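Engineer: When you get a sec, could you build the whole thing from the sequences and use the hints?
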Amino acid sequence: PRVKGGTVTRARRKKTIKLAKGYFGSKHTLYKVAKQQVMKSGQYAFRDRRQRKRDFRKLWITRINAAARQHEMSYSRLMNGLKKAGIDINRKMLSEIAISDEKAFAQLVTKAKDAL
Amino acid sequence: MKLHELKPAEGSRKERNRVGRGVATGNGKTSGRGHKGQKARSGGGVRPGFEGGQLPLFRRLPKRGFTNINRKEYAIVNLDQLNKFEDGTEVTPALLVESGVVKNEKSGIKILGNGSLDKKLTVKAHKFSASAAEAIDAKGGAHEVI
Amino acid sequence: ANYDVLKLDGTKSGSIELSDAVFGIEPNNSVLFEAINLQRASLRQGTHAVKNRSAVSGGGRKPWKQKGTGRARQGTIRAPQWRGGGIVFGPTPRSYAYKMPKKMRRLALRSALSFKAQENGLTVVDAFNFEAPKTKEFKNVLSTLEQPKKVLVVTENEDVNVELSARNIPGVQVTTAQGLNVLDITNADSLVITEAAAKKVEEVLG
Amino acid sequence: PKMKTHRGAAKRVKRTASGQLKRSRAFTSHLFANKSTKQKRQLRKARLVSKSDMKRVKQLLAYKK
RNA sequence: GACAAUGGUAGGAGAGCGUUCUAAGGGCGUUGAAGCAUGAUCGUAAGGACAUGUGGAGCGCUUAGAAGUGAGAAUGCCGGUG
RNA sequence: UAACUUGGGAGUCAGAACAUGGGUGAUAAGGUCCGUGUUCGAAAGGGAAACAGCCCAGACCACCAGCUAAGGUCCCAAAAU
RNA sequence: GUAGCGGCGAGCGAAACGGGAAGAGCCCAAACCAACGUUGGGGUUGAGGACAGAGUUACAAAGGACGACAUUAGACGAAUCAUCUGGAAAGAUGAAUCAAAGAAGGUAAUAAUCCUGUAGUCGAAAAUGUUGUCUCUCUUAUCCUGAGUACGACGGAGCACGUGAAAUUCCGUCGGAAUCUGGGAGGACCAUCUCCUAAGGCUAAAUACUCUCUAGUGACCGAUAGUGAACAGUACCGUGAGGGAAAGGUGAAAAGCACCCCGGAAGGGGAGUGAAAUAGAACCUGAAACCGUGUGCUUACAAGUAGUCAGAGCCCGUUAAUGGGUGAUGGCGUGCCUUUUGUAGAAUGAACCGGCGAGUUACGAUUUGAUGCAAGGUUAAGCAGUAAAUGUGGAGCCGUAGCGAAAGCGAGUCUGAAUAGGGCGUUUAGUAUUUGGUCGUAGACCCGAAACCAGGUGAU
Ligand SMILES: [K+]
Ligand SMILES: [K+]
Ligand SMILES: [Mg+2]
Ligand SMILES: [Mg+2]
Ligand SMILES: [Mg+2]
Ligand SMILES: [Mg+2]
Ligand SMILES: [Mg+2]
Ligand SMILES: [Mg+2]
Ligand SMILES: [Mg+2]
Ligand SMILES: [Mg+2]
Ligand SMILES: [Mg+2]
Ligand SMILES: [Mg+2]
Ligand SMILES: [Mg+2]
Ligand SMILES: [Mg+2]
Ligand SMILES: [Mg+2]
Ligand SMILES: [Mg+2]
Ligand SMILES: [Mg+2]
Ligand SMILES: [Mg+2]
Ligand SMILES: [Mg+2]
Ligand SMILES: [Mg+2]
Ligand SMILES: [Mg+2]
Ligand SMILES: [Mg+2]
Ligand SMILES: [Mg+2]
Ligand SMILES: [Mg+2]
Ligand SMILES: [Mg+2]
Ligand SMILES: [Mg+2]
Ligand SMILES: [Mg+2]
Ligand SMILES: [Mg+2]
Ligand SMILES: [Mg+2]
Ligand SMILES: [Mg+2]
Ligand SMILES: [Mg+2]
Ligand SMILES: [Mg+2]
Ligand SMILES: [Mg+2]
Ligand SMILES: [Mg+2]
Ligand SMILES: [Mg+2]
Ligand SMILES: [Mg+2]
Ligand SMILES: [Mg+2]
Ligand SMILES: [Mg+2]
Ligand SMILES: [Mg+2]
Ligand SMILES: [Mg+2]
Ligand SMILES: [Mg+2]
Ligand SMILES: [Mg+2]
Ligand SMILES: [Mg+2]
Ligand SMILES: [Mg+2]
Ligand SMILES: [Mg+2]
Ligand SMILES: [Mg+2]
Ligand SMILES: [Mg+2]
Ligand SMILES: [Mg+2]
Ligand SMILES: [Mg+2]
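In order, the protein sequence lines correspond to chains O, J, E and 3. Going left to right, the first sequence walks through residues 2 to 117 as the deposited numbering numbers them. Going left to right, the second sequence walks through residues 1 to 146 as the deposited numbering numbers them. Going left to right, the third sequence walks through residues 2 to 207 as the deposited numbering numbers them. Going left to right, the fourth sequence walks through residues 2 to 66 as the deposited numbering numbers them.
It is worth saying that the hints were derived from the structure and are not from the lab. Note that CB positions come from ideal geometry on N, CA and C, so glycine has one too. Since no wrong hints were added, every one of them can be taken at face value.
Computed cross-link-like contacts, BS3-like style, restricted to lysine-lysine with a CA-CA straight-line distance of at most 27 Å:
#1 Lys110 (chain J) - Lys15 (chain 3)
#2 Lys59 (chain 3) - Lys63 (chain J)
#3 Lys104 (chain E) - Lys103 (chain J)
#4 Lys63 (chain J) - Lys5 (chain 3)
#5 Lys36 (chain J) - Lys56 (chain 3)
Partial chain E-side listing against chain J, Cβ under 7 Å, derived:
#6 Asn30
#7 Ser31
#8 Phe34
#9 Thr187
#10 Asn188
Structural biologist: Structure below.
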């Protein structure tokens, strides 16, 4: 029996084109360049799911450094003092406390200074 | 079973490998042939035994011997095969072929001395080994070259 | 082993002894599958063909010179990548039939018959008394015997009036003792066999 | 069609009980003054086709039993 | 439940997805099949549904069988259009 | 924690840099030919501005958790003016 | 794929026996007779001859009479109504009927009972064929036995066989026998033995093929497929030989749009037909590239493989999901394929979209899985059967024993003076079919040369 090409080709290519939605010009229209961009999009997304954790740790550290300098202390000194005092609050929570409850962050800084 | 519930025996059937159908099969593109060279080509590859121009083994070795046009080969029966018949039976080539011990008669029937006879028989054959004749005679029976 | 023997009116005429070696064995599903596949393959007519590049009409000359035109090199307008070109491989006529050892064939027949004897799918009639072909009367007989839609009717020899009476009812098929085959038996849900046919089946399948 | 036996090979080997191929020896035609007595005596003795050569040439002698 | 392993080209091994046809069984369809279009749906992947619109007569599912069975590249072929 | 034997199936026979023992060249070459090791090839990630072959280190998937390696902590640009 | 042939390379490759289909045997020349060397008789062979019921299918060739059958037109041929949805019922539901007929088409959707049909049965004025009975005729070792032959030499060829130890067959040139006490063959040749009887002819059947015809079939195509050709060897190209396309589909029914309006027309808007007209003929469905119209978010200080991760603002509201669209701004980020030591590469390839486009099949080999049987396993052709399964068919094939170049011997054997040593063996498992892998022969995964040969067409 003969198997014609049929509809599977169109269905698969349409899936790729739909994934390419919002891309510039031919990249949301033509299957070949859409497929190339979607492959790149996957590779980028994998890499960036990794890099985003570093990015947000970087942001938290920057904010903690600013708060510590407000309390006359460097980030490195503050973190060493917290470690010596046995406080395991991570950098996300530390930055969020420094933003929200300034008095609680001041208490944490005082404990860090005491441990040193 | 039922025609709507057929099942082949376990392990009796395996799907064939189809090359050149995409990367994920692991046999896409080059279809298992590697890259370039004579063996990558359609119809490519040297004849079996070819050694790339080094003298082939079956040219560097010498021919030996000859085939005898009048060579005789016998259907051989051993004593342990002769055990099948009961005591007092006269064994003939026709009897052997009938009972199925000998399938093809060839140039004749030769009795050989492997195994133990344990029966008394009158064995009529075309050839006997010395041990076969001695064992037949020493078990109480007799043999005759016919 | 022991089987009831009925009249065409349903009355239990008597009893028959059927060899366990024929109707009583444990069916060999592997061999039965192989036999069904073999019969189905033998039914195939492999009359299918295509025209390869040699067989397509025309296409002798080179379409254009090897070099200098700026086009891909081509050798004939009937090459496979050309519209209207030859087919690469594709179907070519051949038989699909293959053989199996005779002992395996017999084991398959016994497996099908024993599967019928198990599952209470076998019934023995005393005789068939059709002197003239009458489809309605045969349908009445089947209804009285209380048979399912798919029935295989087995007679000792070629019974023309039984065959003519039964051959128009959908799902009913009539065969002889020598004509029994795995496809027919497995397709049927019930076997209606005469006593003489059953005796012959026992005699030949042993 | 039927595969064809390699006739020269069939003229040069014989098949043993376990499936090995018995072969004659090279350097046994002439120039015997240039070879020691032990050399010729031991060249008189047959060998088997090696395993690697067998991997190469098995199909040439498939029908030869 | 507690331990271990899981980058990968040529390449070896395994398990699967989907396409057309066939057999048997069981079903859907003018109260609207296939196909086409859209969607914010589902599965580890190939891919599978559902709803709506279009369409106007065929088509799924289960098991098994068989293949002209899967294209993005061949200065590929034909057609259409930039 | 392999090793060996027997069978089925391969691909490979253009290699490259770096370090080191040497030939050749001119103690020239991102040269060439051998020995030894690593990496690339077939290896993403961090460092060396960028930079196959150097340094750290081998990505089953997810996380807006933590500790480190090489390399770093004035600003670009995370961390010591 | 044996024996053998073979730069003993690549390769080439029998036959006899055995099993089957089919089956069939005959006529002359010559010896010798009687008629005018030519005619009739005589005879046909492995020893015979001289001498002393068969037939127009060969075996001789012409008719008739009649019968029967077949083909070339045809005929009859069972059985269904209702409601529902629908434009339409064959569909759904209910209740029936026929069947030697439930093959298949058609009918306003899917029908055994509506139609054409099917099972079954019948039918021929005439013409071609086949086949019968009667007839019909035809008939009831003295001598010879194929001479420019056999055969030989030389040169070739055909034989599986390449000149070989080359028998056997044929051609050219040249030579050139014998005569049943004969002649030929048995693979150089001689002898013996065995078989046969050349140099004359005829002969059905089992076998080969398909432009055709009739009747049918398909896990064959379904409009880029299948014939090149569903509407063509046409159009078109070429001096010519020759090459050689594209192109199917309204609707159930033409009911194919009366009439009005703008317009020269084309084309439209209504109105009508139709179930439907975005079914209006360039007519089923109507994808993508590509071209337009409208606008929710956004954009004129910005350096870019166009995304991705983070993220306000604005606009919406879903297969209801820790939603959809857009996106100020920040981080990261040199397409894909091929080929390469190494390619963002300024190396290759692709304008885009769509369709088409590449490890297949047959026969062998080997290996593995599966299954059946097991010291056994298994049939091939054929015959029967429905183009089937299957039954029958044991010829043949592989195993049950190997070793040796061989004669041979044999659980051993070969080497060897050896009772030595050593090689290969013994010290049970095979076999048939088949899925998968791989190899061989085939074009053998697909496309591509420059060229070679053969037969033709061209001096417009
Ligand atoms: K005469
Ligand atoms: K000659
Ligand atoms: Mg089709
Ligand atoms: Mg396609
Ligand atoms: Mg990290
Ligand atoms: Mg691979
Ligand atoms: Mg590719
Ligand atoms: Mg390549
Ligand atoms: Mg290479
Ligand atoms: Mg290679
Ligand atoms: Mg080729
Ligand atoms: Mg051709
Ligand atoms: Mg890993
Ligand atoms: Mg992996
Ligand atoms: Mg594989
Ligand atoms: Mg698979
Ligand atoms: Mg599948
Ligand atoms: Mg294909
Ligand atoms: Mg292309
Ligand atoms: Mg270098
Ligand atoms: Mg250097
Ligand atoms: Mg080195
Ligand atoms: Mg490489
Ligand atoms: Mg790296
Ligand atoms: Mg490595
Ligand atoms: Mg640098
Ligand atoms: Mg960097
Ligand atoms: Mg890299
Ligand atoms: Mg730290
Ligand atoms: Mg900083
Ligand atoms: Mg009727
Ligand atoms: Mg002669
Ligand atoms: Mg003669
Ligand atoms: Mg179409
Ligand atoms: Mg066509
Ligand atoms: Mg075609
Ligand atoms: Mg429409
Ligand atoms: Mg249309
Ligand atoms: Mg601006
Ligand atoms: Mg500015
Ligand atoms: Mg950047
Ligand atoms: Mg280079
Ligand atoms: Mg550029
Ligand atoms: Mg190139
Ligand atoms: Mg280009
Ligand atoms: Mg394309
Ligand atoms: Mg191949
Ligand atoms: Mg194969
Ligand atoms: Mg190989």
